Structures are given as structure tokens and as C-alpha cells.
Amino acid sequence: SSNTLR
Amino acid sequence: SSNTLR
Amino acid sequence: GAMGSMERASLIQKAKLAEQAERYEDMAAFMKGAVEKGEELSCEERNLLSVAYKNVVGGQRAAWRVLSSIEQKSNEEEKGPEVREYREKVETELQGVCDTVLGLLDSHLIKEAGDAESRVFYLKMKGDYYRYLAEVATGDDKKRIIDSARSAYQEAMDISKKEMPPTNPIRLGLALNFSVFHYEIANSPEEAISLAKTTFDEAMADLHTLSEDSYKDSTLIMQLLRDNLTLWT
Amino acid sequence: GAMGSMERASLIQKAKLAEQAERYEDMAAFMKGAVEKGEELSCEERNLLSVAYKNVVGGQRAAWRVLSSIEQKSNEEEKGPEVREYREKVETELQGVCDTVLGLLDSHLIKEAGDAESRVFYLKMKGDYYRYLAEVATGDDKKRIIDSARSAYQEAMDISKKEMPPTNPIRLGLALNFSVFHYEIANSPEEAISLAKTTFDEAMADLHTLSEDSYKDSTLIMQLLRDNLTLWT
Ligand SMILES: [Ca+2]
Ligand SMILES: [Ca+2]
Ligand SMILES: [Ca+2]
Ligand SMILES: [Ca+2]
Ligand SMILES: [Cl-]
Ligand SMILES: [Cl-]
Ligand SMILES: [Mg+2]
Ligand SMILES: [Mg+2]
Ligand code: NA
Ligand code: NA
Ligand code: NA
Ligand code: NA
Ligand code: NA
Ligand code: NA
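Residue numbers (the authors' numbering), protein chains in the order written: chain B, 96 to 101; chain B', 96 to 101; chain A, -4 to 71, 75 to 231; chain A', -4 to 71, 75 to 231. A prime marks a further copy of an entry chain.
It is possible that some hints are incorrect.
Pair ranges (Cβ atoms, derived) [what the hints assert, rightly or not]:
#1 A':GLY53 <-> A:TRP230: 34 to 40 Å
#2 A':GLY112 <-> A:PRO79: 34 to 40 Å
#3 A':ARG3 <-> A:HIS106: 43 to 49 Å
#4 A':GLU71 <-> A:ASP156: 39 to 45 Å
The set of hints was computed from the structure by calculation and includes no laboratory data.
Note that beta-carbon positions come from the ideal geometry of N, C-alpha and C, so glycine has one too.
The following block holds chain B by itself, in its conformation from the complex:
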């Protein structure tokens, strides 16, 4: 699962 801005 890729990280996007939180």
C-alpha cells in the first residue's frame, strides 16, 4: 500500500 499525504 503506497503512502499519500496524510
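Guided by the hints, dock chains B', A and A' with the ligands onto chain B, whose structure is given.
Relative to the frame of chain B, chains B', A and A' with the ligands by itself:
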């Protein structure tokens, strides 16, 4: 904080 | 009701899906629809109803506590009516959920519940949701709300002690929550402590009768009684 | 709109309260009301709008993924239409939230945003919510939805590279999300990797210009670029 049934 | 056109079995199936997706508002609406079909609920269905509304009202209670704390601080710079207004909004929503659950119990879950396991479950739930109403009540009907919680818990206790063994998880969870009622709502910490200790000790002495799985179910709730006694003494 | 009678400042105040109470649906409704007052948003207000809808759609996306997984398994015993129906229900809700955000950006946040920091922020958001639409889209308008996300991200990138330093957190967060678009949506993992690596390296070389606080803001997002590169290579 008192524990109640979860 | 918006669920009037859906099959009872489909509502129960979707309630289980909603639980897996942690969509508890959906889960509650599905189970409300299932209740309104008019048939009694099985043990598993009762626990779906309970899980759904407990999570919904749990989020509301947590938000109410955050906002109430901010409001109390504000009343120790003036920032207008917004904090009170929004706390009132969340409070009204919470009261609406409690009223909905109590309405389902009164129309007509409790009156058709004849077995101890169903009747105690529903009466405990009645006590629980009057207790949540009491948490936010101020003064005028606060006393009557507290007495409604007390009465429901007491009827549940009387049945559970007559009809259930001391290790029965429903009986244990009822005693746990009633003891917290005494401590947190009724200003009766000594009653809370006595109930928790007697419940724990009588369960301890009955554990030898249980299978491994039942032993695990009962000791899990007994640990919550002990956790409270550790906080309270 | 149900918020038409509330003061802009009161809506912003209640959005901040809702965030503290983790009531993100309320937070989103408050910020939608604030946007619809018609005035441009400050930097802090833009971040309230973003936080609110990101949490709302984040819960919907997580639930959709759970249900989609169950549905795909079911299609490998027949249990009727319920799984599909409920996945479709959540999907429609998700699409509605995305449409709402895109509607606010189109009427009229983007067209009045002239500064790089506001315009890039809103165009990134446009790309993000078309990307969330793309995650659930199947076939017919899937290509056009993907191109809408790509176009918004690309315009944001062009502005950010002209007007912002390589360590600017908005620029960095845009590059992060656009790289994930390439990897997850556009079937372009090499483009994703190249963008993440070039973004990281150009930020690295600009860190020496920053204060301690700005250095912390930029390196936090750079770590997310590196976390992805570790997953992808
Ligand atoms: Ca039927
Ligand atoms: Ca009956
Ligand atoms: Ca005004
Ligand atoms: Ca402008
Ligand atoms: Cl309000
Ligand atoms: Cl559905
Ligand atoms: Mg019996
Ligand atoms: Mg500049
Ligand atoms: Na019907
Ligand atoms: Na105010
Ligand atoms: Na009130
Ligand atoms: Na108005
Ligand atoms: Na079915
Ligand atoms: Na659909």
C-alpha cells in the same frame, strides 16, 4: 475512567 | 422505515458486512430494520444490535466529552455561543440514538422476551442507554432518568441471579455495567465496589464447572471487574 | 444549504471543534458552509477543508476496499446480491463526497485562486478526488476520470515547479500524491519511481536554506517519498 462491557 | 422493503435475512447479512467494514451507523440502521420486522432476535442477532449501537453512541459520547471539557474551560476569554451550540448539537444527536434504542426495546423487544438470556440482555441494554442519557442530563429529569436506569438494571439483576449461573457472561456484563452505574452515575462508590467484589468472588467459585472456552469467556469479563476494583480501591 | 444561516467565522470555529472531537462529517459540512460564503480561504482554512474531507473519504475508501475484497472472493457459495448491493451503496456515497469536493473546487475556489500556494493546493485536491473516483471506476468513464486526475495534477506540477522552491511542503505533497497516481492508477510505476526520486533529490539539495521548523516540515514529507521508493524498488 471506569470500564464497561466492550 | 427506509429498510421496510429489504428482507430480514438480507438486513442481517448486511449488518455483518457493515461490522467488517467498521460502518457502524449503517450496521445500526440495518439492525433497526431487522428488529422492525417484528420477529424476536436470536442470540447472534441481539449481539449485532448491541455492537452496532454501542459503537455509534460510543463515538457520540467521546465527542460530547471532548466538547463538554472545552465548554467547561471556556467558563472558567469570551468566544461566543459556538462551543455550547455544537456541544448541544452532539448531545441532541446522542439523545436521539438513545431514544431510538429505548424505543426498539419498548416496541416490542422486551415484552416478547421470555427466556432469561434474552430478557436480561434487553433489560441491561435499557439500563445502559438510560445511563448514557444520564451522563448528559442536567437536573430536571436527571433524577427520573437515573431511576429508569436503576430500575432496568435491577430487574435484569433479579432475573439473572434467579436463572443464570454466576459465571454466565451476560450476568457478568450486567453486574459490571450496573457497578459502573453506581460509581459514575448514582454517587454510590461503596455499592459499586461491593457489587464488583461479590460478582467476582461468586464467579471465581463457579469457574471449575466450565469448559475451556466458557472459562475464557467468563474470565475476560471478570478481569474488567478487577480492573475497576483496582481503579476504585 | 443548511449552513446558510451561520456566520462564516462560527463555521470555521465549529470546524476546529469538530476536528478536536474527531467528528469529521460535521467538520466537512461546516467547511462546505464556509466555502459557500463565497470568500477565498486562508491557508489554515484550506487545511481545515482538506483534513475534513480526507477523513470522510478515507473512511469510505477503507470500507469500500473491505467490501470489494469480500465481493471478489464471493465470485471465485452463492449468497445473493447483498454484497454487491452494499458495496454499491458505499461506492455511491463515496462518489457523492468526491463530487461535492470537486463541485466546491469548480464553484468557485480554483478560478479565484491566484497565488501559487492556493492554486497548487486546490489543483492537487482536484487530482486527489478524481483519483479516488478512479479507484472505484470501471471502464466506460474510467479513462476520462483518470485523465481528469492527470490533468489537474499536471497543472499543479507546472505551477509548483515555476513558483515554489523544491522543499515547499505543498509542492512535496503534490509530487508524492502524483507519484502514487502513476503507480496505482495509471499503471506507470517507472514514472512513479522517477518522480519520487527526482523530487526527493531536489529537496535534499535545498534543505540547507531552511529554518529548523521548515526543515522538519519538508523532511517529514520527504520520508514518505522514501517510504514509497522502498516499497517500489
Ligand atoms: Ca421476507
Ligand atoms: Ca418470546
Ligand atoms: Ca457574516
Ligand atoms: Ca484571488
Ligand atoms: Cl452547531
Ligand atoms: Cl445496501
Ligand atoms: Mg438457567
Ligand atoms: Mg514563490
Ligand atoms: Na415492509
Ligand atoms: Na465566536
Ligand atoms: Na440539551
Ligand atoms: Na445565507
Ligand atoms: Na443472501
Ligand atoms: Na456503481
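Tested hints:
{"no.": "1", "hint": "A':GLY53 <-> A:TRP230: 34 to 40 Å", "result": "holds (39 Å)"}
{"no.": "2", "hint": "A':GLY112 <-> A:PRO79: 34 to 40 Å", "result": "holds (35 Å)"}
{"no.": "3", "hint": "A':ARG3 <-> A:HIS106: 43 to 49 Å", "result": "holds (48 Å)"}
{"no.": "4", "hint": "A':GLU71 <-> A:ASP156: 39 to 45 Å", "result": "violated (51 Å)"}
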